[PDB]
Amino acid sequence: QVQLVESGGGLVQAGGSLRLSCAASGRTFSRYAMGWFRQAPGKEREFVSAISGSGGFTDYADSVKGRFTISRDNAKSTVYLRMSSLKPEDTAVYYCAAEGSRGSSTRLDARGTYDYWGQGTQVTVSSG
Amino acid sequence: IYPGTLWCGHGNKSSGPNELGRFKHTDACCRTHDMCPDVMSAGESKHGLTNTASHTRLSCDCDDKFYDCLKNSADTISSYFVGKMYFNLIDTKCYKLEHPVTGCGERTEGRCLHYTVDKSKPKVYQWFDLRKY
Ligand SMILES: *[C@@H]1O[C@H](CO)[C@@H](O)[C@H](O)[C@H]1NC(C)=O
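If you read the sequences in order, they're chains C and A. Quick note on numbering: the first sequence equals residues 2 to 129 in PDB author numbering. Quick note on numbering: the second sequence equals residues 2 to 134 in PDB author numbering.
Looking at chain C on its own, in the form it has when it is part of the complex:
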């Protein structure tokens, strides 16, 4: 059994900065990579970012490279997605996901790599 729970979100003005935090529980944290997925209304829940178990390799989606940052605190077993300089067409539901147990190597660029998902929090950019 495991539990992933987010914190942060809501409405914020155009250009503002917000970070979502996501705490994991139930298993060893540092082994498994984790990532953040963005689902706009009426679209596929596409990935925005992911970070490996060690922290040494991160992959960002091309839409958001250079604006978002990802990190983890293995002692507290948490993962942070910091967001700055928000733009239009970025309002969406942000879901926190954890890499499941795998025998083969997997890519962070796939939904099927992650088994455990949170309920996710809403992010709203309203102005311009």
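Mixed in with the good hints, there may be bad ones.
Said to hold, decoys possible - Stretch-level coverage of chain A by chain C, calculated; a stretch enters the list once three of its residues show a Cβ under 8 Å from a Cβ in chain C:
id, stretch
1, 61-67
2, 88-97
3, 111-120
Said to hold, decoys possible - Facing chain C, a subset of chain A residues (Cβ under 10 Å, in silico):
id, residue
4, 21
5, 72
6, 105
7, 106
Bear in mind the hints are in silico, worked out from the structure with no lab data behind them. From the three backbone atoms N, C-alpha and C, an ideal C-beta is built for every residue, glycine too.
Place chain A with the ligand on chain C using the hints.
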């Protein structure tokens, strides 16, 4: 082959396919792994790939299911040794259908644990390193 087990390892002792060794849980995992539909024998060619190993190499789906089967077993000590011998020593690979790899994301020890692909071209069968136990 392990003492008290029929299926785990090359070759086999069992008489019927329904028969299981001493441990109910570890031998079921090894039986399911050894009854993988799509394998590649030593020197066999399939799906445009050639394996150059004396042991048979198997599909990544069978290896992933075998990994989860061994990690969720009740008899911890036998499954521990079987996992730590298969996944971590022989340095084998598994083949699956994926977009073409562009580069290795993270490489720890002799194996690549996260890779990256080009989404533009179709899917092809390719080899991938096995995760450690
Ligand atoms: C393993 O057992 C099955 C049936 O029990 C048999 O088909 C197969 O040939 C055996 N393996 C070897 C190496 O003889």
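Check: When the hints from earlier in the document are held up against this structure, which numbers fail?
Finding: The structure breaks only hint 4.
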